[PDB]
Amino acid sequence: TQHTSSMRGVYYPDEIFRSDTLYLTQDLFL
Amino acid sequence: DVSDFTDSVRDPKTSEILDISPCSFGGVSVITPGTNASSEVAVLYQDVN
Amino acid sequence: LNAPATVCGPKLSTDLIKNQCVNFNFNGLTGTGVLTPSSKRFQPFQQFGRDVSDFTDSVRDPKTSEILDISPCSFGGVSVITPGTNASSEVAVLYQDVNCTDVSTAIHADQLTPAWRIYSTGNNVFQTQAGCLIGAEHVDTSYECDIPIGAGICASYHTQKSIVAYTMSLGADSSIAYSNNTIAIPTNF
Amino acid sequence: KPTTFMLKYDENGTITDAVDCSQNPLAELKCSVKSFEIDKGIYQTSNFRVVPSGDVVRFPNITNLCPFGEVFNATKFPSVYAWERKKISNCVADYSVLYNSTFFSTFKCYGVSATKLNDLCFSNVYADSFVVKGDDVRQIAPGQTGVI
Amino acid sequence: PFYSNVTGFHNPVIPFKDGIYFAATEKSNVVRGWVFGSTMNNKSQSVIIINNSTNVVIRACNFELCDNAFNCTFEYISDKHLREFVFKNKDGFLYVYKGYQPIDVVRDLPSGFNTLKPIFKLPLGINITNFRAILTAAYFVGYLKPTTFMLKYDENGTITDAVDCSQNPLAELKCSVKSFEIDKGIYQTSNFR
Amino acid sequence: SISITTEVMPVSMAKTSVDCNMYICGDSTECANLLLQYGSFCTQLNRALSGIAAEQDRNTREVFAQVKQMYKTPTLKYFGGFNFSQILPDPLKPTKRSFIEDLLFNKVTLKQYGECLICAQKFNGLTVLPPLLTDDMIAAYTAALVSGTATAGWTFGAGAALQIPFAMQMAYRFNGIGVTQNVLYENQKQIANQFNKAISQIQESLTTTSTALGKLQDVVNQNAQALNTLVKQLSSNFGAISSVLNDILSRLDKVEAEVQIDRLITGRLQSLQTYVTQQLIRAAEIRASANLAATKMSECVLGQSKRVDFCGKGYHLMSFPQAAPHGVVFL
Amino acid sequence: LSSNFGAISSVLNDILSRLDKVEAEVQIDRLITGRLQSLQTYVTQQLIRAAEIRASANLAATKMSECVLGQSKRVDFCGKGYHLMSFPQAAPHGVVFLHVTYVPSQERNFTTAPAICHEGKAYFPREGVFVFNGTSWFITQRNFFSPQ
Ligand SMILES: *[C@@H]1O[C@H](CO)[C@@H](O)[C@H](O)[C@H]1NC(C)=O
Ligand SMILES: *[C@@H]1O[C@H](CO)[C@@H](O)[C@H](O)[C@H]1NC(C)=O
Ligand SMILES: *[C@@H]1O[C@H](CO)[C@@H](O)[C@H](O)[C@H]1NC(C)=O
Ligand SMILES: *[C@@H]1O[C@H](CO)[C@@H](O)[C@H](O)[C@H]1NC(C)=O
Ligand SMILES: *[C@@H]1O[C@H](CO)[C@@H](O)[C@H](O)[C@H]1NC(C)=O
Ligand SMILES: *[C@@H]1O[C@H](CO)[C@@H](O)[C@H](O)[C@H]1NC(C)=O
Ligand SMILES: *[C@@H]1O[C@H](CO)[C@@H](O)[C@H](O)[C@H]1NC(C)=O
Ligand SMILES: *[C@@H]1O[C@H](CO)[C@@H](O)[C@H](O)[C@H]1NC(C)=O
Ligand SMILES: *[C@@H]1O[C@H](CO)[C@@H](O)[C@H](O)[C@H]1NC(C)=O
Ligand SMILES: *[C@@H]1O[C@H](CO)[C@@H](O)[C@H](O)[C@H]1NC(C)=O
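Chains as they are written, first to last, in the deposited numbering: chain R, 31 to 60; chain Y, 554 to 602; chain U, 504 to 662, 671 to 700; chain H, 258 to 405; chain P, 61 to 70, 78 to 134, 155 to 166, 180 to 236, 250 to 306; chain L, 701 to 810, 817 to 823, 832 to 1045; chain W, 948 to 1095.
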């Protein structure tokens, strides 16, 4: 069967700590 | 930071978190009455304690 | 290549495809574009024709000696028309200064560079002078206009509300008569 | 899959929300203006192209194999003060046997890379053939001075 | 160049400085081909272009010339009025340009505009400094110079009109602002040293 | 004497848009990779040209949208002896522009831009965008202004339009400059004759070939020279072996072609930055004229002004607007 | 500051560490050129913005002189209607003018005449117009209906 994955599978991209930002990244994502 | 500069670092030995700040720099301005009047001047160091 | 070509290596010739965006190689001259029959006439010592910016705009087919015009594949800007995030998540898209029958089929064949995984062209496709407008429903009435697209066409979010596109109205109409023995005087302020 | 995301960081550093820029026109707008809320209006988002659908190659009606054998492997070359120019026309030239083989000590090409010689198509080829002393090979180059 | 002086003959060894514009007029075909060379003797290489009544033949050898060919290098055989030719030599290539125009008078060069199409590019690497016309009824010789021209192409591929950019101040102004019509005013064209 | 004179003012200029990747690189993927090293240059140039283009619409709107309510053109064009038929639209004619507007539109004579007129495109990536308000929508505004000035006079500037006969408007406007009412009323036919004669002189002065619109043609000519320089810079060499990206890509290996592509990229980015800077400088010159034209429209068409030489030479009585290609003409 | 500008790296420490000095000068010089141009662009656009702010400030000074410190007869300079006075208020990086204006309202329609003749002579009004109530003629001012 097949289902939908809605807004799932995001992870922390790197080692960096950031706060109060909107950060754009390009990486392998679901 | 928001400008992607390093602002905080964890100490490797103690696992303590500490902030990096740039030590002071800025502009220096010279206030003078005029050479014909007097040779005294004042100095303004801009945006510093 | 100031004369017709004579000395060159092994590559296999293919059939030419006309009125379709293809990669072409004519006698070592490589490009990307569409190819159409041309009314230009070549004197026999010339093999290709050139624009002001040193682009090649015409070419002679080496086999059949038929002159072909080269045109770029469609490109331009993409603008998004929204009523606001608070109002609704519906948007309309403007594809600037292109034919609607090109974009409308290029989306269906999945050959367009901004690739949106969940996107439907839908029933509403309108041709304006500013470009191709997708997602906005044309209405016959005229209003004062909110979002200016151009050439006298504006869009707005109007009534179950939806995005509508119309021709703007310049002002509310009013008529005052001219009589040669008649005056009007205010009585209050 | 490789996509572009935009991630929201709160004051404690945790990700609370994100948008995927390749999903919708609206998500592309939110990635372009870098916000989760949008005012009313028309915003120029991006540029669009149309990708090609085919390939066309057109080369003329030439069938004869090209006589590179006679130019290189020949009994007599003339001396340098009276060289010879031979015209090559109406042939299909492979060109790979020149740089694949280890025959030639110096294979130096100006204005054309050798690997692309097999694709280009020319009008005529002229071969100038002569014999020089071993140190006089360096003087065969544009803009160079010597007796030869 | 426009409005230059051309020398007319009604068989001297005319020099070949940078190129020649050779214009021959004849009711009956008299001028048949040329000879080009450095020393016009056995000592140096020389090329002959000549047409007999069937063929056009070009041969570059050591000739005996007075008015036996050895060490031949290049050979080619292929199968009123005003005939205009342009010959110029560069990088061992001899370029020949040919045009034809019907006229009525033989004595003088008529005024007009006529464009010349390419015919031959010959790969013969000799210095050409002199030439002699070969005869069996007038021919005119002018010399080329390095100039800048502006050429007008119509809706087809033909050069209807041209301006020389070094004839007049007005011609330089036309080349400077890219037109044939000039409005009233004062325009800064160039600099002088 | 009654003198009618002409002022010609520029309001807007041609919008334009440039595709940065298509101008610099074209269809090459190798060029598009190297253009990413130079940063976000294309977004800035597109944003600046978009700002200028959106400014031109405001320039037109602040001048011509001076009436809240639209007045129909009166069916009679002879008000108290004064003939208004040559500045109001004809009731039976396919075009909606009047006579003098039709002369002015043929007075200014407006390739390779790439605009949709049939949508056509060019290899260089440049485009000319169309205006928001068309010619008919501008002629409607000027017709409403001329109808309101004839019917209601000065009153519709400061409130709801109040009707008044035209002879009484002229008596009030004569009171404005210090002359009494009995000067107008005793000599009304002569003043009407001078008004009609001056309008007829204006018509023949426009009909005869003239440079009177030399300010509006210069807006046309300065844009055209701006683009031809930008296009011609595609043919420059900038130090590479050739000026065409396809031949550099076709005759050379990738590592050898990197340098020759960088030379062209560096040249073309400068040729595009110069154009955007000069357009930003020129739009600020257009804006001053648009602001002055809006001030003249408020203070001289919807009223009577006492400022010396602001509206003609003499003592101001009335003023009429007309629409001309990329600008306005005040009578 | 993030862009390579054709060099190997954005940061100068890696460029200095990874290469020898002579190559490092060549790699640093390209970053120097790119950042010089990125700063000159900013200065030029700021100059063009400062011109516009000067224009707005000069217009605001004129409005403060003519609308606030006096009564202005120019049409639509100090608001729609007929100007009476104006009040300034400060704002961050600007000024806000409250213009107070007189707006006529509630129009009435009357019959009007240019002049009246009493005994062989014509009488013109000094100020205002002639109106007809229906019973007898009157003289009024144009902006208010007060019959005399
Ligand atoms: C080249 O060959 C094709 C294949 O038969 C033929 O159709 C075409 O006419 C030929 N052209 C010439 C110029 O020989
Ligand atoms: C004018 O309006 C005010 C308020 O609307 C009213 O009190 C007054 O009576 C009006 N004047 C006349 C003459 O109607
Ligand atoms: C961050 O952590 C503190 C400590 O528990 C908590 O009080 C605060 O609510 C957190 N921030 C947010 C945005 O929840
Ligand atoms: C004709 O023009 C040539 C051009 O150099 C010049 O040398 C010669 O003196 C001119 N002859 C006359 C008679 O002016
Ligand atoms: C012209 O000259 C060529 C070259 O010798 C020769 O082959 C040909 O037969 C000649 N034609 C004549 C003499 O008619
Ligand atoms: C181009 O050639 C056609 C074909 O004869 C001719 O009718 C036309 O007049 C030519 N164009 C011009 C500008 O003369
Ligand atoms: C008004 O002017 C028009 C155009 O000149 C003219 O045709 C018309 O007869 C005039 N009206 C009159 C004289 O009543
Ligand atoms: C769109 O393409 C069709 C088919 O080629 C053509 O008939 C039509 O005129 C085009 N419209 C525009 C605006 O280019
Ligand atoms: C003037 O009288 C006419 C006819 O009675 C009327 O329609 C019009 O409304 C009146 N004017 C005003 C301003 O009310
Ligand atoms: C007009 O005003 C006069 C004076 O007040 C008055 O006598 C007369 O009756 C008025 N007319 C009407 C129709 O009320």
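Source of the hints: derived by calculation from the structure; they are not laboratory data.
Among the clues, some could well be false.
[Claimed, not checked] Distance condition first, Cα-Cα at most 30 angstroms in a straight line; then the derived DSBU-like pairs of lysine-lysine:
no., chain 1, residue 1, chain 2, residue 2
1, P, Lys221, U, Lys566
2, L, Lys817, L, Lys1010
3, L, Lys946, L, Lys1020
4, P, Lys221, H, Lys343
5, W, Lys968, L, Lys768
6, L, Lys968, P, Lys287
7, P, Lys258, P, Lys84
8, L, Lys817, L, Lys772
9, H, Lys373, L, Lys1027
10, P, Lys110, P, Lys188
11, H, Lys333, H, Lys343
12, P, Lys291, L, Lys903
13, L, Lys777, L, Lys968
14, H, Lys365, U, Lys514
15, P, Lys287, L, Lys777
16, L, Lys1027, L, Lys903
17, L, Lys946, L, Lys768
18, P, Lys217, H, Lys343
19, P, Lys291, H, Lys344
20, H, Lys344, P, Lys265
21, H, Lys373, P, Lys297
22, P, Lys94, P, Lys110
23, L, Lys796, L, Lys817
24, U, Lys566, H, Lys373
25, L, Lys793, L, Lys807
26, H, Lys343, P, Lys190
27, L, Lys1020, L, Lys768
28, W, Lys1068, L, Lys768
29, P, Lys217, L, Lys946
30, L, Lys796, L, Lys911
31, P, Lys180, U, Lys543
32, H, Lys390, H, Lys344
Consistency of the hints with the structure:
no. : hint                  : in the structure
1   : P:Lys221 to U:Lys566  : 25 angstroms, holds
2   : L:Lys817 to L:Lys1010 : 35 angstroms, violated
3   : L:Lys946 to L:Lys1020 : 51 angstroms, violated
4   : P:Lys221 to H:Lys343  : 15 angstroms, holds
5   : W:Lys968 to L:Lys768  : 72 angstroms, violated
6   : L:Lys968 to P:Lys287  : 43 angstroms, violated
7   : P:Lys258 to P:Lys84   : 9 angstroms, holds
8   : L:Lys817 to L:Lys772  : 39 angstroms, violated
9   : H:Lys373 to L:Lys1027 : 75 angstroms, violated
10  : P:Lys110 to P:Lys188  : 23 angstroms, holds
11  : H:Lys333 to H:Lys343  : 14 angstroms, holds
12  : P:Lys291 to L:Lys903  : 56 angstroms, violated
13  : L:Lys777 to L:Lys968  : 75 angstroms, violated
14  : H:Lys365 to U:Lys514  : 25 angstroms, holds
15  : P:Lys287 to L:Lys777  : 51 angstroms, violated
16  : L:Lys1027 to L:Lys903 : 23 angstroms, holds
17  : L:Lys946 to L:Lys768  : 47 angstroms, violated
18  : P:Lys217 to H:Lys343  : 26 angstroms, holds
19  : P:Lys291 to H:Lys344  : 42 angstroms, violated
20  : H:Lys344 to P:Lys265  : 36 angstroms, violated
21  : H:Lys373 to P:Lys297  : 55 angstroms, violated
22  : P:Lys94 to P:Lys110   : 37 angstroms, violated
23  : L:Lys796 to L:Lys817  : 28 angstroms, holds
24  : U:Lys566 to H:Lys373  : 23 angstroms, holds
25  : L:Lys793 to L:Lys807  : 20 angstroms, holds
26  : H:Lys343 to P:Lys190  : 18 angstroms, holds
27  : L:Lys1020 to L:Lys768 : 25 angstroms, holds
28  : W:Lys1068 to L:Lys768 : 44 angstroms, violated
29  : P:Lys217 to L:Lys946  : 28 angstroms, holds
30  : L:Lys796 to L:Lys911  : 24 angstroms, holds
31  : P:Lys180 to U:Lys543  : 34 angstroms, violated
32  : H:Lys390 to H:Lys344  : 25 angstroms, holds
Going through the hint list in order, the structure does not satisfy hints 2, 3, 5, 6, 8, 9, 12, 13, 15, 17, 19, 20, 21, 22, 28 and 31.
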